Amino acid sequence: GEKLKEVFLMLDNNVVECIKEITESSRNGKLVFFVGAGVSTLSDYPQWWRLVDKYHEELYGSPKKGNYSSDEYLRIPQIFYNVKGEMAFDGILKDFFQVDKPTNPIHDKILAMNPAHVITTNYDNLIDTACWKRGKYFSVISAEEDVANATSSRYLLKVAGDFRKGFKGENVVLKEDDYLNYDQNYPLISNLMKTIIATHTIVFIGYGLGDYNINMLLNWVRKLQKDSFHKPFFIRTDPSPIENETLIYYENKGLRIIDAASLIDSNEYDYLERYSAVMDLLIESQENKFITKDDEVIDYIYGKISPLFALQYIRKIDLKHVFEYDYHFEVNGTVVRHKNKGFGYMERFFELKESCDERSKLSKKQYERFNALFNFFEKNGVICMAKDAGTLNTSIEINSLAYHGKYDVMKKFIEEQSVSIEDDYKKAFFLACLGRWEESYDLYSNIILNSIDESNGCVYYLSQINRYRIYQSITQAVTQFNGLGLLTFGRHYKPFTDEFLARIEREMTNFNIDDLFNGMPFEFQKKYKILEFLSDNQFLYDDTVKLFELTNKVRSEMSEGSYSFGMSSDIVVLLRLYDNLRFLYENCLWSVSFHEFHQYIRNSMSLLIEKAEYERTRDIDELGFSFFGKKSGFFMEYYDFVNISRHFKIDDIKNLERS
Amino acid sequence: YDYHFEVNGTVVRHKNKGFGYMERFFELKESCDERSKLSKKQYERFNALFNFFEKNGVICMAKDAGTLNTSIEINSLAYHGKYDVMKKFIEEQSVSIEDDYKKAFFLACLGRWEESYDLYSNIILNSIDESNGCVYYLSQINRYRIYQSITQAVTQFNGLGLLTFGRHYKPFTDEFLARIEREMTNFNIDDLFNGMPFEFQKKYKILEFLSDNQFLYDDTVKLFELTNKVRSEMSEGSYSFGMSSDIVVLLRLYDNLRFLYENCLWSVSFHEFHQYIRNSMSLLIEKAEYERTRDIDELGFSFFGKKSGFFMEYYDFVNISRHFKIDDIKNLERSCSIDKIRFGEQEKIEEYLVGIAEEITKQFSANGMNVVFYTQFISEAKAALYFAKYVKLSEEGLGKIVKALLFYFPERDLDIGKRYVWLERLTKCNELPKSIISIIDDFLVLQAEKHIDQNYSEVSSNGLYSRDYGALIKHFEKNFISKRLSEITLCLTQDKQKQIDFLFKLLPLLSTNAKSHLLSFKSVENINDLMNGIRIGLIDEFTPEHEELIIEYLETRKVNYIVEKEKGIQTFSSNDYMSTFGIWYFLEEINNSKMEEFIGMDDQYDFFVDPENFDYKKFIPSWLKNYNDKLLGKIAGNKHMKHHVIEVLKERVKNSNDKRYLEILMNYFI
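Chains as they are written, first to last, in the entry's author numbering: chain C, 12 to 670; chain D, 336 to 1005.
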């Protein structure tokens, strides 16, 4: 139970630096388990010594008298195959391997460690059933034909064959002829295995440092040059603890060993105790339960928020994806525990803030990171926890000259010299707002060259989107210029030359925005997962379906005087609108001018006004005319004027004046 | 994106600069001569496509635009409420895995979620053949929405479900939640479509929208845009012109219901999908009020006399009965005149209303209450019997409905007062025959057989008690008497206390030997029975013992709220007796001249007694909805009340969607 936390403090510096690197690879999606016979025997599966007891007695008459020599143990199923045929070799395999045995809790812990691939030398079907119970598909590969006919790009690579194509012995490598013809019969299973090891993080489960598979894999590693490959990890589940001279010998061969008999004290036959004490020590280090240092909560919040310093504002509905749904961040600034089955690292952060002596107990590096996080959350308006919600005032502030319509200040900003690549990303958004879309497409193009040779993830990605959106904004404008805009304008032409419109067609040919985020680096796709939605053809669909809980459902609320607890439905819609405007205008995203965004402001603002009317008039006939207030309760302000003035057609303001 | 496939069946090309292949397909459809110029292996494939588009209702393009008709068929047992047929389908050996997917949906609709969670789980282990992920993907979704339905049930069963359900129910064992919590933890519904093989994606792209809200988004945007277009068209004079805003709303609603029920998706039980149908139907009913009132000349008489939202069918009754709450329907009953809206298919509706009444009896009479099904089913059973006002039902179907609404309906979700509200609505398109009065009379003798203890009362929210069931009898048939109520009056003594008050409230239902024997046993001694005496027609002219006790109650009220205001408590119109005294003084039923000193107790009482002194800022506009015909005639005769409360009606005509305030104004006060 709580033994694992007092095991964890007894780990040395070697095992802690193994658990920190196995768990950083599971979060990156580069973790692969290499599964042996150890997890198959913990499900009662017929071991290969129970077969070799069958052959020696159907080929030598009597059962075995003495131990198997290694000369005999390798060659008994080959003597049976050569002398007693090939249908009887497959008969004995059919007699023992029709079992339908259960999956051990270790098959669940491997998959709960979220692997990208699973390689196995097990010819059983036990790992393949457990993958299909969960909501991820693995392309099972057990023959040569399955590699080119692969489907899902997450492989369950069975490098020792399988019995999916029948209980035949020609589909599973078992004999000695199948051990020496493996590179001839399986050229593509070997190359696919050696490429996953070269490109991922490998952990071996179910082996014992002398195996035919571990030794033929450490020979391949001897051929590779120094420091080009990551060293595989090796979980050792044996009764005897590892001796120090052996752990030196396998670390120089390229294995990073985590001995399970060196971490817990267990009996000689309790293999689930040893397998679960290393797997649960990885799983409960990811589901962060081994954080009891009060300055490890700083470099955990810093490692997920220091990416987001490159952006200006982050929505609070996006911060519940940064922390992997552990906390709700409500629009008041309150943090509410959701799915954190671990240590309260956000509860502790707000206990550093009100305090100061608990804060002087930090280091000389992790105290400056507290001042980076405190200057983050104060800017974004994350205030406290749920149980400290006093009298809160969340006033919206949009610091953007394009929102406020300072058109002459933007023109001076365009003429001035460009010191940064951020001061150019702001100009190209100011170019597009002023309608000089000719120069905006070119200036985004100059950012796309200069940001990919300078290790800038956001400014490259946000310029790919805004160049495509201004490409859409041009190519659907000329549709009005050839049509309605030919008789409206006196010149009967666009300011888009025939050379410019033809040039953007060569560059934007076959440019799919749907594959942009996956064509970014792996560190971009983890640190900036919150920016995936901008490339999507339709966002704001959660915000639109959550408008039915506005003036539509005032039927049961106003008929009995029902009010929403905490933040009311008026305040949640109005402050998730303000988070969308502050995210889109401060991060200079050109998707703020399109019809999907403008109709969302029309749908949400009208329904907030129609709820404030239906309620105003339900209070009049229920609780008298003089007792009901003349104001509707919907108090409009500066930011509410600008949003109605910018996003509404005049036929849409006429609808509010009637309703 | 090569073609628009509109909701009528027509095809308009967009983003297709290449070859037009759906242009060719309908040229191959209606011309058999160009057919059989094909091959042989590509000809049996053609018989699948012609059967496919005939099912999905795709017709020729906008060039050869024929007159399409508005028809819909949902061949789903869970849609029509065939509860006994589903139970005989679940208790039957399954042939295929496609029949396992329907039983897991039919268990889930029957509230047997613990079995459906298991039955969806068996499909997941048995759907290994990669014939198509369509079975495996749609069962991962439907299981995770069952777990979402269990988790929000056990939050409202082991949490809030103690005082509102009657007990601390545990319909799901702790061994069940110890299984379902660890299984559904670390299960991302956003990662289900992306972790799925590439043969499934780009062959089943349309099913990715089922993991979140974006299968409703394209119809939500269209519903919000066409709502403002209709509310602009309802004010600017234009009717439904051709392919108008009403048929686009109706066909998208029908395609959503038919995609979700035929494919057995458990997204039918969301809140957000119950909100889409609710706003889609309340717009069509509001447009139906505008198309029935006819203004312009013969261009609109042929355009749409009563079609495309102006007429009601069986599928429209079931959508309102399942997806509305009662306050949802109570909105439309004053914004619209649903009594003027013609309901068709009134024999298919009658099979639906009988099946609901015959699934309350198989759920609340026998054992096995099935409290999980009881949460989902009771809203549909309440809204169907509330909206059964406007259908015309035969005698053999109404008898099962009244005998369920009275007896077998549960009292936790419908008290004794909210049975009279719905028994009276079944007298709008119906009378009370001699076969329905006998069922109401069977219910009054059941409550009279339970009024022995004094501790038993009648918790009524509307103020309407079990006396009004007999008042609904005496409204139709004046010459009626009751048999078993005239037998229970033989036992009159001081043993049972609650037999004293309940039998007094049913006096015209009694016989001559029953009424005289009751008056020989007791008489009136309180004004509470005097309020009961008017509703039974006991005393016409009040004896001066009453007019003493009328102001004696007012004098005790003058004792009451003076010392109650020091403590902050108030009894303002608690039992409405002094308000009923106010109508009595206003209709000159009391000749006392002492209530000038009683002015200043309640705002309603001060309105009736001294209208010159009562400032009309404290007047509540809902009071005019509760006055009868004779009372408004005297208000039309006054001058003090007359030319001032119109200003209250003037701010309710042009600010409230209640059409009653217009009716009180034009028929009485002007």
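Any given hint could turn out to be false.
For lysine-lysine, the following DSS-like pairs were computed, each having C-alpha atoms within a straight-line distance of at most 25 Å [unchecked claim]:
#, chain 1, residue 1, chain 2, residue 2
1, D, 557, C, 144
2, D, 540, C, 641
3, D, 437, D, 372
4, D, 660, C, 557
5, D, 437, C, 147
6, D, 985, C, 641
7, C, 16, C, 398
8, C, 557, D, 809
9, C, 364, C, 417
10, C, 642, D, 423
11, D, 833, D, 753
Please keep in mind that the hints were generated in silico from the structure rather than gathered at the bench.
Checked hints:
Proximity of residue 557(D) to residue 144(C) is assessed by CA-CA distance (about 39 Å); at most 25 Å being required, the pair is judged violated. For the hint pairing residue 540(D) with residue 641(C), the CA-to-CA distance comes to about 51 Å; that exceeds 25 Å, so the pair is violated. With a C-alpha separation of about 41 Å, the suggested pairing of residue 437(D) with residue 372(D) is violated against the 25 Å cut-off. Distance hint between residue 660(D) and residue 557(C) is fulfilled; the C-alpha atoms sit about 19 Å from each other, no more than 25 Å.
Distance restraint check for residue 437(D) and residue 147(C): the Cα-Cα separation of roughly 24 Å lies within the 25 Å cut-off, and the hinted pair is therefore satisfied. Proximity of residue 985(D) to residue 641(C) is assessed by CA-CA distance (about 16 Å); at most 25 Å being required, the pair is judged to hold. Proximity of residue 16(C) to residue 398(C) is assessed by CA-CA distance (about 28 Å); at most 25 Å being required, the pair is judged violated. Restraint check: the Cα-Cα separation between residue 557(C) and residue 809(D) comes to about 50 Å, which exceeds 25 Å; the hinted pair is violated.
Among the hinted pairs, residue 364(C) with residue 417(C) is inconsistent with the structure: their alpha-carbon atoms are about 37 Å apart, more than 25 Å. Annotation: proposed proximity of residue 642(C) to residue 423(D) is violated, straight-line Cα distance about 59 Å (limit 25 Å). For a cut-off of 25 Å, the pair hint linking residue 833(D) to residue 753(D) stands: about 22 Å separates their Cα positions.
Hints 1, 2, 3, 7, 8, 9, 10 from the earlier list are contradicted by this structure; the remaining hints agree with it.
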